[PDB]
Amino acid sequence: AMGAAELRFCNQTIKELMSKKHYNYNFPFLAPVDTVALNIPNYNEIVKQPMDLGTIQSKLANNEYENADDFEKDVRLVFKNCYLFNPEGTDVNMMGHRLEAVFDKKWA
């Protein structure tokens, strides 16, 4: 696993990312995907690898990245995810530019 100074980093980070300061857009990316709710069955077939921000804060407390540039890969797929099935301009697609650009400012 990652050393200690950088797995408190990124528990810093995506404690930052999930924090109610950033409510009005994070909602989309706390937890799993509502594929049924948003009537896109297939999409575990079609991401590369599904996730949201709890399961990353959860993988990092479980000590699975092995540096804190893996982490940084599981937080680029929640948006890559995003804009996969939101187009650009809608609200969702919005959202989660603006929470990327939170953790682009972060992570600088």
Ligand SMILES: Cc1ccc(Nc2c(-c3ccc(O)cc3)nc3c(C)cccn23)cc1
The other form holds:
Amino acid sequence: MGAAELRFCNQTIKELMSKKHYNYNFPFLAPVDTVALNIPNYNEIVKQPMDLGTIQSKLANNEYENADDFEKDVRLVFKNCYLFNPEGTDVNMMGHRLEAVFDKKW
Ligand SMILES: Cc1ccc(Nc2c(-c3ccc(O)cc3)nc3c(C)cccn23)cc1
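Now that you have shown the form deposited without the named molecule, what about the form solved in complex with the named molecule?
The complete assembly is shown below, putting the previous chain first.
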């Protein structure tokens, strides 16, 4: 990825993970802990799990060849959120509001 595009992806993922947005990013900072959350059906429902911490790692390890691949993974976090968490639930609302932060920056 180009240098300026890489810098912008890094700024974007750090913005999404920052404590400034803790109230709506905390469920998405690390892979879903299906044992701690008692959700064995998460792996049966969500076939391509993704989280912000994994995206940050993939970025640092040169696994996004352009910004579009980076965006696809960010969108996947929210797609999985809306699939597993029904509309109206607390985590679903957090996904909507964090994706709005991404839309504004991106
Ligand atoms: C029985 C049940 C129902 C809903 C949830 N949602 C949920 C998720 C979650 C995040 C992303 C995702 O793609 C799927 C689930 N993260 C949490 C956390 C950190 C605390 C409490 C609930 N949480 C957990 C258990």
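Residue numbers count along the first chain shown, from 1. In this text, the rigid core denotes the largest set of C-alpha atoms whose superposition between the two forms falls within 1.5 Å.
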With a threshold of 2 Å on the C-alpha, tell me if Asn67 counts as moved between these two forms once the core is superposed. no
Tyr43 C-alpha shift between these two forms of 2 Å or more, rigid core reference: yes
